[PDB]
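Listed below are the residues making up each chain.
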Amino acid sequence: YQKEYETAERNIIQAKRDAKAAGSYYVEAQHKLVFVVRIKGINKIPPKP
Amino acid sequence: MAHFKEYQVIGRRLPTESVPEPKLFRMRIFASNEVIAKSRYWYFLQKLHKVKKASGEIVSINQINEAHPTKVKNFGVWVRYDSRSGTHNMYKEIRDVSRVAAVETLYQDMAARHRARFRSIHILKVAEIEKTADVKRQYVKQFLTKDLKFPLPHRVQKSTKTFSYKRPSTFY
Amino acid sequence: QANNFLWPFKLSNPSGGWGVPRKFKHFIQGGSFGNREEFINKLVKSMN
Amino acid sequence: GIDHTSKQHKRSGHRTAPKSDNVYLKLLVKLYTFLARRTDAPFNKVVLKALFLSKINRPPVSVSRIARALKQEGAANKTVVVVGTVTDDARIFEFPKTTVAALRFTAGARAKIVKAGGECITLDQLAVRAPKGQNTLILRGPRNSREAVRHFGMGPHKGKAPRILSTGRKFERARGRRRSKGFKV
Amino acid sequence: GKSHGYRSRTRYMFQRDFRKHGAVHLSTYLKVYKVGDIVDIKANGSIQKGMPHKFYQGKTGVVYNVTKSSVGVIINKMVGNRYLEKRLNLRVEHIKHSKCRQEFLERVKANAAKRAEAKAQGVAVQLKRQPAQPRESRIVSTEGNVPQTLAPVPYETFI
Amino acid sequence: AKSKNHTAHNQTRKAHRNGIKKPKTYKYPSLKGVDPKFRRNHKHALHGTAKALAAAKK
RNA sequence: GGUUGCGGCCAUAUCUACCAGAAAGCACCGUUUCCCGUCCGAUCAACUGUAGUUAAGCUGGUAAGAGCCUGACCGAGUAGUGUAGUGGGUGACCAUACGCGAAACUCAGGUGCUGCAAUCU
RNA sequence: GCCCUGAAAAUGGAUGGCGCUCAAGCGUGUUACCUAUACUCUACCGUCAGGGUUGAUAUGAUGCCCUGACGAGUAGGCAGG
RNA sequence: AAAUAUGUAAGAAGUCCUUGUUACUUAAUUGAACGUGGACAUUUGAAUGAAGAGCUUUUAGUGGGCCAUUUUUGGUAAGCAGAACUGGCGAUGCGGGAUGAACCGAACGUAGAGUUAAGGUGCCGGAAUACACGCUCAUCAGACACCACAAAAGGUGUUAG
RNA sequence: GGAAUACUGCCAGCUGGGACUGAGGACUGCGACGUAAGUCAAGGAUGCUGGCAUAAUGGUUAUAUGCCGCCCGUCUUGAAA
Ligand SMILES: [Mg+2]
Ligand SMILES: [Mg+2]
Ligand SMILES: [Mg+2]
Ligand SMILES: [Mg+2]
Ligand SMILES: [Mg+2]
Ligand SMILES: [Mg+2]
Ligand SMILES: [Mg+2]
Ligand SMILES: [Mg+2]
Ligand SMILES: [Mg+2]
Ligand SMILES: [Mg+2]
Ligand SMILES: [Mg+2]
Ligand SMILES: [Mg+2]
Ligand SMILES: [Mg+2]
Ligand SMILES: [Mg+2]
Ligand SMILES: [Mg+2]
Ligand SMILES: [Mg+2]
Ligand SMILES: [Mg+2]
Ligand SMILES: [Mg+2]
Ligand SMILES: [Mg+2]
Ligand SMILES: [Mg+2]
Ligand SMILES: [Mg+2]
Ligand SMILES: [Mg+2]
Ligand SMILES: [Mg+2]
Ligand SMILES: [Mg+2]
Ligand SMILES: [Mg+2]
Ligand SMILES: [Mg+2]
Ligand SMILES: [Mg+2]
Ligand SMILES: [Mg+2]
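If you're matching them up, the sequences are chains A, B, C, D, E and F in order. Be aware that the first sequence starts at 51, since it is given in the authors' numbering, and climbs by one per residue. Be aware that the second sequence starts at 1, since it is given in the authors' numbering, and climbs by one per residue. Be aware that the third sequence starts at 197, since it is given in the authors' numbering, and climbs by one per residue. Be aware that the fourth sequence starts at 2, since it is given in the authors' numbering, and climbs by one per residue. Be aware that the fifth sequence starts at 2, since it is given in the authors' numbering, and climbs by one per residue. Be aware that the sixth sequence starts at 2, since it is given in the authors' numbering, and climbs by one per residue.
Worth flagging that the hints you see were computed from the coordinates, not collected in a lab. Beta carbons are placed, not taken as given, at the ideal position from N, Cα and C, and that holds for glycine. Be aware that one or more of the hints could be misleading.
As the list claims (entries may be wrong) - Okay, derived cross-link-like pairs now, DSS-like style, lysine-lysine, Cα gap no bigger than 25 Å in a straight line:
{"hint": "1", "chain 1": "C", "residue 1": "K221", "chain 2": "C", "residue 2": "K206"}
{"hint": "2", "chain 1": "D", "residue 1": "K159", "chain 2": "F", "residue 2": "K33"}
{"hint": "3", "chain 1": "C", "residue 1": "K241", "chain 2": "A", "residue 2": "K94"}
To be verified - Derived DEER-like restraints, expressed as beta-carbon distance ranges:
{"hint": "4", "chain 1": "F", "residue 1": "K33", "chain 2": "D", "residue 2": "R38", "range": "48 to 58 Å"}
{"hint": "5", "chain 1": "F", "residue 1": "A57", "chain 2": "D", "residue 2": "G154", "range": "39 to 49 Å"}
{"hint": "6", "chain 1": "C", "residue 1": "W203", "chain 2": "F", "residue 2": "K25", "range": "27 to 37 Å"}
{"hint": "7", "chain 1": "F", "residue 1": "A57", "chain 2": "E", "residue 2": "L106", "range": "29 to 39 Å"}
{"hint": "8", "chain 1": "F", "residue 1": "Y29", "chain 2": "D", "residue 2": "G75", "range": "25 to 35 Å"}
{"hint": "9", "chain 1": "E", "residue 1": "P132", "chain 2": "F", "residue 2": "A57", "range": "44 to 54 Å"}
{"hint": "10", "chain 1": "D", "residue 1": "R38", "chain 2": "A", "residue 2": "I92", "range": "35 to 45 Å"}
As the list claims (entries may be wrong) - Just so you have them, the derived chain E footprint on chain A, three or more residues with Cβ under 8 Å:
{"hint": "11", "stretch": "64 to 73"}
{"hint": "12", "stretch": "90 to 97"}
Kindly produce the complete structure, drawing on both the sequences and the hints.
The structure is reproduced here in structure tokens:
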């Protein structure tokens, strides 16, 4: 997994530099994952949310 | 809306089989982080082309650093803004070392003098003014005269302690 | 299945603060709430 | 705080022990909770629970009812288990052999079963013979056959029995019970 | 005082579609209905018999009966804190096969088939629908598409 | 004295404590209101198929 | 491809005007003994297919034609709207943030498609 | 934009008070700091749940033991005292 | 002709093949229903969650409500009267709004340590008489949501356009 | 042309100061370091030293000081009224 990671990240970096080099723009994949933190307490909340 | 950086934002409409390769549009946006800058990109694009970010994508976002961050320049600033009772265009001048430095004083100045918060202003153009005396505005021309010097009368030093055993002076 | 096996993470309040005068506006508007994108790491790290 | 999604401190709605104070029953319970815990065997888990049931939920199993179950294909030699009491029934004539384990036999039921060459076992006796419930047939009385339940769900068009104390024409048979007297039900 | 007749509040609901008044075309009478079919109810106010009450306008249920001129439909209606089961006798002018049960049956076939070619190749299938996924990396080129840069525009009156 | 006249206020809070569940679905549902001729013939159809199923057990 | 009978969708099929139509069909068209209906064989009924005609119907063409249809980063991401703030404003009201998104307008293109059966230089 | 006029009510008096004028005022930006019965970690009380254990072997099997979570309350219901 | 709200579906009670029953139905073993026998279980037919799901009986209190944002009717208006959805108060302390049923924050076993919220940090009072660019001088300045009001109209005050 | 630095981010990089806690009670578990026997910071604190006796310390009580604290019961949308 250390390798997987290390080379995915590196890959993306070089992708970008190559596009630049070709006069193109690399556009990154949209994020497949998020972390969400609830920051409002628990009173007065509308049913749907 | 803070300590400003300036970004190139480049975006486009999503590809269709009908139009792969749709045209690319760029804006220079002043904002403090890139989440704001892309927001701002879409806010303007939506007022200028049919596109919502749901039909478009951002292709590139890149910070543009000041080229000569210690040459002093005089900048022309063009601004559109809302007052409590209408909306106005306005040309002002700012003397500074970087666009990013200029723009930030623009925002403080719109706040001080016209009570314009950030939501209410659009930066229309910002430009180094090439030839001195294309400078139009007194309060910047004043600084452009030859062998300019001035004193700073009445100097107040801040004191580190609450009592002082001598009556201070303002002498500079 | 993996994610569900993980109980909800119980974070503390952020150590160092929220960095804005008011949480209940959007991150775009001066802060907390909504997608702050990459900047979630800094926030979660101070909460963790 | 916590946005609770479910009642806090809710207690399972189930008996955990018999409400009875009969020492002997507690002992049958003490037996079965060892058995239930220490063997696999679904059987004891079932018999464990049934020991806790209140009287309304142990309706009696009758001796003809055992006769009938014994006529199931491949059932004739099973030992039939009633976690409750077995009652006599003058309605079957030919009654077969088998071994019935129950909480209680009425006198006629013991007689009947015995006379036909069979055997009456108590639950601990059934335990030793069948620590895992091997070759048993658990039987249950008709619970909704009770008089109380005739009146449940009483309402317009429900088909239920009023709680009447005294019956005949002249008691609750006129307005609202026939088209000729106001409406019908 | 107040007024709550049977067709109360129905002026726009039972009206006919603009430039679509008159005879109802025969397709309506040629559809066949089966017990267990899923129909959508929608009143045709030009046919006053066999007409759904207005609560059922826009609602979809299951056919439970078929008759000379009508289908019986089962609708589940909420009254209080509980759905009650309701049965309606609608004439056919007021009913229409539910189009989504059709996509569904079509897909069930498609599914059986996808399963077949997969087994008669002995491979994995994957038959359930995924939702729209994030979007993978791309390289946009600039050949013929050097980005055009835009700026905000000055206020102006057009009046 | 006049008093309040109507409101729904609180009524959905109340319906949703224990509330809504759904229909009570069965295979083999109520034949209530189904065409009498039809039913009368379904009877005979079912009797017959039962008959034969038992006929195929000798 | 034409035409007829029975249609599906029900103006891209309707409307106005002017042209054009071989062949077959369809039509108009001749007749009044009969069944049948009229103030009136006009309609409706019957009879011949015989005496006649494409005039009309009908089909298609024309038209910076009326209407209808379709498209469009045409207008307009506008109007309106779900959600957010101890945002602005004396207020009326307005701006921003995450989203959804019209109508009229303008311009471009189009003006029936089709199922069954029969028949035709 | 700020400021000034327009701007009249009754006991003496209220940006909360003092007082503050390149503010301790108005607009805006940036850091640090103070602080709730909230959040994080830990002890203890109780409630609920799940689990183990009289197999022969001293003193409670409605017991002993292990583990996780939870705790606002009028009218009112039940429980243990 | 929106937005928000709203109905149904996303399969084992399913699919396919074979051919049984009837008094219904068809010109017609033709359909319609219900079935026998045979085949198909890895993703079996989107997502996320499930603190277990389903069910029965019986009985308390209540049946004056009120408030806020938004929609909204009557009224010049009202701390007025009347509806819509949600969230609150009532039944509820705690931290902030000096004060205060209803606003902001946040809901509560007994405690220790840490961190924050809303709100604050001259002194009263815990916390920079912090940093930065302006603007403002009032012989009636001004000073913070709900909130404890101010307008038309004027100024050669001063600012920027 | 060749560097540096800032900014942002990563390290299963090394270290200093301060504060609260120390539940548990033979052994069982997962490991780590050792060539090894052994060792360990690895399923919850130990070790060394000292201090106190008509006392260190703790409970109670009175009083002062800081901050806080309206009269209960009742009906009520709303009671310190
Ligand atoms: Mg923006
Ligand atoms: Mg917009
Ligand atoms: Mg404006
Ligand atoms: Mg603007
Ligand atoms: Mg809020
Ligand atoms: Mg967001
Ligand atoms: Mg043809
Ligand atoms: Mg068709
Ligand atoms: Mg005649
Ligand atoms: Mg005539
Ligand atoms: Mg004639
Ligand atoms: Mg005729
Ligand atoms: Mg004709
Ligand atoms: Mg014709
Ligand atoms: Mg023509
Ligand atoms: Mg035209
Ligand atoms: Mg809105
Ligand atoms: Mg809003
Ligand atoms: Mg403000
Ligand atoms: Mg507002
Ligand atoms: Mg608006
Ligand atoms: Mg507007
Ligand atoms: Mg979004
Ligand atoms: Mg549309
Ligand atoms: Mg077209
Ligand atoms: Mg056809
Ligand atoms: Mg034909
Ligand atoms: Mg305001």
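Quick rundown of the hints versus the structure:
| no. | hint | result |
| --- | --- | --- |
| 1 | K221(C) with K206(C) | holds, 23 Å |
| 2 | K159(D) with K33(F) | holds, 15 Å |
| 3 | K241(C) with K94(A) | violated, 28 Å |
| 4 | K33(F) with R38(D): 48 to 58 Å | holds, 49 Å |
| 5 | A57(F) with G154(D): 39 to 49 Å | holds, 42 Å |
| 6 | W203(C) with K25(F): 27 to 37 Å | holds, 36 Å |
| 7 | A57(F) with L106(E): 29 to 39 Å | holds, 34 Å |
| 8 | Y29(F) with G75(D): 25 to 35 Å | holds, 29 Å |
| 9 | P132(E) with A57(F): 44 to 54 Å | holds, 51 Å |
| 10 | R38(D) with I92(A): 35 to 45 Å | holds, 41 Å |
| 11 | 64 to 73 | holds (count 4) |
| 12 | 90 to 97 | violated (count 0) |
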